[PDB]
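Spelled out, the chains give:
There are 6 protein chains.
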Amino acid sequence: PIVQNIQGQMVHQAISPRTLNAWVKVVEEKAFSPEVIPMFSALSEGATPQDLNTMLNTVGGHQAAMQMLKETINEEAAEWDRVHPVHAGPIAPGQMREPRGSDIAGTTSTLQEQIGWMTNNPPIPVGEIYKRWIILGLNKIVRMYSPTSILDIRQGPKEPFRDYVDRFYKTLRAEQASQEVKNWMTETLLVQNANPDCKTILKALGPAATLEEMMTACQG
Amino acid sequence: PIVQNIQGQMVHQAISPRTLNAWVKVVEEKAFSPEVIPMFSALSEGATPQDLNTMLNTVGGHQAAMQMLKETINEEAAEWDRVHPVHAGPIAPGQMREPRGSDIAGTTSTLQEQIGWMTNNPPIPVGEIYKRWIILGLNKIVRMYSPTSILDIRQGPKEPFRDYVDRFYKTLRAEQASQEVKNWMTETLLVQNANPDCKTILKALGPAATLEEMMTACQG
Amino acid sequence: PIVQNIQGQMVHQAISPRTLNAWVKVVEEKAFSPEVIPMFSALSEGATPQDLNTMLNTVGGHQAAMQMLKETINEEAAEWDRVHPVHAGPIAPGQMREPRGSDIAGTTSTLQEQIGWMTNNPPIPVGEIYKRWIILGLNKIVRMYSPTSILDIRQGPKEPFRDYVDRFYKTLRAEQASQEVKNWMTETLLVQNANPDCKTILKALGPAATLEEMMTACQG
Amino acid sequence: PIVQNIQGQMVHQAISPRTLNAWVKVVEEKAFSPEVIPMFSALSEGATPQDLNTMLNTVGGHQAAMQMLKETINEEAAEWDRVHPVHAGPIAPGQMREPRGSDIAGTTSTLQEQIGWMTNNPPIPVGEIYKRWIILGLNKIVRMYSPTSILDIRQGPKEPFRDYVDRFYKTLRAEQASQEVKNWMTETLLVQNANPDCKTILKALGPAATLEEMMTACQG
Amino acid sequence: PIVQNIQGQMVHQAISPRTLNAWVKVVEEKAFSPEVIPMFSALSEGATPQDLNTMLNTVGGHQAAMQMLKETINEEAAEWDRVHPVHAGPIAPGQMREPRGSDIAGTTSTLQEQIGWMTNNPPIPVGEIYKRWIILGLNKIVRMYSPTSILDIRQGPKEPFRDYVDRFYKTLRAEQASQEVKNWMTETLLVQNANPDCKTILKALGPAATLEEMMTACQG
Amino acid sequence: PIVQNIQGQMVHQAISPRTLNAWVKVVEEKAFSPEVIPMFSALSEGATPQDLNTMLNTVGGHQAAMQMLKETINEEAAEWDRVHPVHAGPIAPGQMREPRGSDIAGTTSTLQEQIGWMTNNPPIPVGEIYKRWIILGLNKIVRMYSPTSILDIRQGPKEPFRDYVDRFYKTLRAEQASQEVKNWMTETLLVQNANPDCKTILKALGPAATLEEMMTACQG
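In the order they appear, the protein sequences are chains A, B, C, D, E and F.
The first sequence maps to residues 15 to 234 in the numbering used here.
The second sequence maps to residues 15 to 234 in the numbering used here.
The third sequence maps to residues 15 to 234 in the numbering used here.
The fourth sequence maps to residues 15 to 234 in the numbering used here.
The fifth sequence maps to residues 15 to 234 in the numbering used here.
The sixth sequence maps to residues 15 to 234 in the numbering used here.
Hints may be right or wrong, so weigh each one.
Note that the list lumps identical chains together, so a pair holds whenever it fits in one copy or between two copies.
What the hints assert, rightly or not - Derived DSBU-like pairs (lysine-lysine); straight-line CA-CA distance at most 35 angstroms:
1) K39 with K217
2) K213 with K172
3) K184 with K84
4) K213 with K84
5) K44 with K172
6) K172 with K145
7) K196 with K84
8) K217 with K145
9) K84 with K172
10) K217 with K84
11) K145 with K196
12) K172 with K217
13) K213 with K184
Calculated from the structure, these hints are not laboratory results.
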């Protein structure tokens with residue numbers, strides 16, 4: 015990943031083994047849960063497409079998820095090539111040729127060319143584009159790992175309200191259908207599926223009730 | 015988070031992966047203890063709102079508590095907007111606009127806008143305000159996670175005074191109240207709920223005795 | 015490796031103890047899984063043949079695999095020396111001589127000659143060729159460690175489609191066939207070797223079958 | 015802490031997470047040994063009272079010891095405020111006001127006042143006083159934590175002299191008496207409490223008994 | 015060890031504690047094996063003789079091996095003295111004296127003299143010579159630590175070919191002999207000591223069969 | 015410990031928690047062995063007397079050895095004060111007062127005075143003097159922790175020669191009576207205490223025999 019110097023300029027730097035070790039360990043230990051996308055975006059800030067291909071190929075196991083991510087990256091690269099055709103002929107001396115989708119992916123280009131793209135004037139953010147594509151692929155992967163659907167949630171007679179709302183919001187963050195649909199769901203489905211006693215305790219507070227009073231009602 | 019860089023010019027330095035790993039580990043190992051608040055306040059010194067959002071997203075589990083935290087952040091932003099209205103219009107070329115609640119919460123504010131609001135003279139304390147909000151939310155969470163009420167703390171027949179006062183002060187620190195209420199409670203509740211064998215000893219010392227005198231009295 | 019100094023001449027640097035410890039640890043911990051080749055290509059970047067020989071010699075155990083890798087390096091060096099004539103006699107100053115196969119292997123050269131061949135104009139990628147040879151050898155090794163063949167994978171009656179495709183893609187990554195033949199295999203045998211229920215499901219799905227829709231169809 | 019820049023101003027720097035991690039690790043693993051006080055004084059060097067409050071609040075468990083430490087800090091602050099009058103009214107610019115005991119404790123101030131008091135000319139060190147108070151409190155704690163007294167140490171018939179002198183000097187390090195009383199006891203009760211055989215050996219050694227001579231005499 | 019410091023002026027940098035801890039760990043777990051010589055050469059790149067003495071003193075246990083190493087260093091020093099005589103007399107102000115046989119081992123040579131001998135132009139390769147001596151000693155020690163001879167390696171009746179060839183090549187690498195002798199040793203011993211069925215299987219392939227074909231013959 | 019900067023000057027630096035942790039771990043895990051003195055000398059290069067008092071007070075357990083070290087430091091300081099009396103009266107403006115015997119230890123002087131003493135013109139090496147004293151104390155400690163004497167060594171009928179020579183050289187390095195006496199002992203006591211069969215095998219080679227042939231004789 016590129017790093018700025020004392021005078022402000024930046025140059026390529028070898029990827030730290032600690033970053034790769036932490037990424038592989040968090041992938042192994044935390045599997046594919048909603049909290050891998052923020053850590054992935056934090057680990058590889060400013061990473062070249064070669065570094066992202068490294069961080070993806072290094073993930074042993076869960077090869078189906080990695081194949082899904084590869085297919086998503088392939089579709090995004092095809093759409094990028096369709097929306098931005100590259101020109102042919104001689105290239106200007108002060109400009110380097112613009113990358114194609116397969117080259118934005120970093121599959122058929124050298125590291126020096128990535129560094130030249132990233133440190134050009136004006137700079138070309140190939141790393142950020144490929145990171146956005148990988149984040150979309152990881153969103154689709156965490157959607158696939160979702161164990162249950164949002165509608166099938168029903169609290170057991172003994173399962174505490176805390177565990178119920180924990181499971182609910184876990185699969186809700188794993189759903190990621192939309193934002194306003196999520197807002198409507200947390201109003202309706204959250205109170206629609208409570209245990210009868212605590213259910214009517216929550217209905218006593220009306221729809222204006224917030225989550226804090228919703229929990230301290232059934233609390234104790 | 016931004017940091018003083020040689021010489022005297024603050025530049026943006028992205029959050030280090032080791033800090034995120036330390037935060038994930040402390041939330042995994044210590045769950046939601048009263049001490050986490052200081053560990054969180056010390057791990058994120060001078061952090062941009064984006065860094066605090068990253069540190070709150072990287073949490074694994076406890077989704078209910080994170081939801082209460084987000085809702086209290088929204089409530090604090092609404093109160094800030096009700097107290098600090100924002101006037102619309104074109105901005106000054108050299109001075110930045112006054113941020114709204116959504117600009118403080120890092121939801122709709124780009125990283126450059128936050129860097130501006132922080133490094134500008136005079137500085138806008140967006141980081142400290144968002145930290146105060148998150149600290150209020152964490153106080154709510156740790157006061158909710160209390161297993162038993164402070165009024166129910168009672169010593170066993172052979173439970174030593176050591177573990178009794180340890181558990182009592184732990185629950186009292188987790189409990190929420192003004193300092194004078196705690197000053198009254200440590201004088202009215204501590205000696206009364208003790209074991210009678212050592213309760214007589216504490217009564218023999220006196221009502222206004224300090225903690226160390228009673229502790230060395232029932233020592234052994 | 016050879017770290018490129020900021021706005022200055024590229025300076026040689028000894029391999030980091032951290033890098034070597036991470037390498038020996040991943041070897042010992044994961045044996046020879048298909049990701050050890052990407053992780054090796056990641057750890058060893060811009061490294062001299064001396065660095066690569068050190069990284070290979072620090073490996074303890076699997077001496078059969080090490081001897082096979084050395085035999086592959088010897089075969090590659092023999093082919094290089096056969097298809098590339100070696101010049102001799104007096105050599106003009108400021109121009110290094112013709113690198114032999116035994117020298118590009120690093121068994122008959124020195125760090126000075128390696129750095130000279132990597133700093134010449136135009137540069138000669140001695141490191142990038144020796145790394146290519148090591149990757150060919152590691153590919154042979156990981157093919158030898160393949161427990162089962164690819165044509166002999168059959169889904170269990172209870173073993174789910176996710177686990178089946180995970181094993182299938184792991185064996186495909188281990189497979190030695192060319193990429194053009196590799197595609198037809200994942201297009202045909204994936205749906206031709208599954209259990210009858212989801213087999214008929216994917217048959218009703220028909221052509222243009224992609225992994226995402228396949229896994230969404232075989233749900234439940 | 016307050017790191018002194020090389021040829022520059024003493025720039026303030028937030029406590030690194032490593033310091034707090036080591037502090038919580040030692041206070042968790044080693045409980046309250048006599049040496050923890052030296053390690054605490056080592057980790058926190060030139061630290062603001064905010065840093066010391068953060069280091070104390072991060073301690074998890076042993077809440078009775080923390081309450082005793084806070085009571086000791088309160089007593090020291092009361093004494094400081096009693097024996098030092100506090101000025102008020104308009105204060106000349108460029109000169110900070112009189113530091114109060116509750117203010118020298120850092121409970122009624124921000125980081126700016128502490129940094130100003132630790133940068134004034136002449137300097138008024140708040141850190142070296144608040145650390146002194148914390149060390150007095152930790153000394154009271156480690157004295158309270160000692161399981162056995164110094165006057166009640168007796169060597170076992172089979173237990174050798176080395177283990178006996180180890181326990182004796184550990185309890186002496188935990189002792190609360192003045193240094194002259196400490197010298198008196200380490201001069202007399204050491205030989206006055208040993209096993210009769212080596213007791214007579216050390217009596218034959220006579221006056222000017224020195225520890226290495228004692229341990230060389232009691233050999234075998 | 016000395017290191018190239020910005021810009022172009024080598025200055026002395028003391029050995030880092032982490033390197034010493036890595037060395038102690040590798041001489042605690044790996045103990046003495048063929049892989050230790052390569053690890054040692056990588057941990058001590060460009061080390062002054064004082065650093066190598068420090069790294070050889072920190073080894074706990076195995077005092078016989080360290081004594082062998084010291085005696086072989088003395089023997090190499092005597093041979094260097096017998097081959098490179100040192101003339102006595104006053105030294106020139108510009109250039110340094112020729113190091114004696116014991117000035118290499120860092121016994122009577124101060125650190126400043128070694129730094130001079132290394133940074134002078136032309137440099138005196140004291141570090142590489144002492145490293146060659148230590149490497150000869152380590153080769154002696156690892157050839158001594160061999161449990162059995164290479165002639166005694168024989169495969170069990172049901173012991174798979176994998177473990178047999180692994181153990182055989184490990185003992186052959188630990189053994190000390192010229193590579194030319196090993197070329198006959200392998201073709202004479204590998205096939206003969208195998209299991210009778212696998213013996214005939216390998217003999218069916220041919221005498222000059224490579225290792226990979228011989229392996230894939232009895233694979234499984 | 016002081017550290018050099020880019021301009022070449024040195025200034026105080028806070029002691030790293032990693033150094034303290036490594037020292038405490040090596041002191042406890044390895045207890046007292048001849049290889050604790052090189053580790054101590056390597057860990058605290060350039061450390062101020064305050065840092066050495068930290069590294070000594072931080073050693074929990076083995077308080078008798080620490081008291082021996084304190085007594086040795088006290089005797090060395092008394093001898094230093096006797097051999098170098100300090101002058102009275104006003105001190106010159108360009109010179110700082112020379113440290114007394116007790117102030118070399120850093121017991122009654124602040125850190126700033128140590129830094130001024132170490133970076134004066136000309137510099138005064140108080141740190142090196144106190145390190146020499148501590149190394150002498152540690153030598154006496156490892157002398158006391160020697161389990162057996164050098165003369166009592168007699169190899170058992172079954173104890174292998176390797177274990178015998180290991181124990182011999184261990185307690186010989188732990189003896190440190192002298193260096194030429196060590197050279198006489200390794201000639202006489204090593205050959206005088208062998209098992210009769212291997213004893214006469216060693217006598218077959220005469221006194222001119224070296225250790226390598228000495229061991230390979232009894233080997234196998």
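Structure-based check of all given hints:
1. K39 with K217: This pair counts as neither: shortest intra-copy Cα distance 44 angstroms, inter-copy 37 angstroms.
2. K213 with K172: Classified as within: same-chain Cα gap 13 angstroms, cross-chain 39 angstroms, threshold 35 angstroms.
3. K184 with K84: both (26 angstroms within a copy, 14 angstroms between copies)
4. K213 with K84: between (45 angstroms within a copy, 24 angstroms between copies)
5. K44 with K172: both (28 angstroms within a copy, 26 angstroms between copies)
6. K172 with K145: neither (43 angstroms within a copy, 37 angstroms between copies)
7. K196 with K84: Close inside one copy (28 angstroms) and across copies (14 angstroms); limit 35 angstroms.
8. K217 with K145: between (44 angstroms within a copy, 34 angstroms between copies)
9. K84 with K172: Answer is between: at 28 angstroms across copies they meet the 35 angstroms cutoff, but 43 angstroms inside does not.
10. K217 with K84: Answer is between: at 23 angstroms across copies they meet the 35 angstroms cutoff, but 47 angstroms inside does not.
11. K145 with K196: For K145 and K196, both the intra-copy (24 angstroms) and inter-copy (26 angstroms) Cα distances are at most 35 angstroms.
12. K172 with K217: Within one copy only: 19 angstroms inside, 44 angstroms across.
13. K213 with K184: both (20 angstroms within a copy, 32 angstroms between copies)
Hints 1, 6, counting from the list given before, are not met by this structure.
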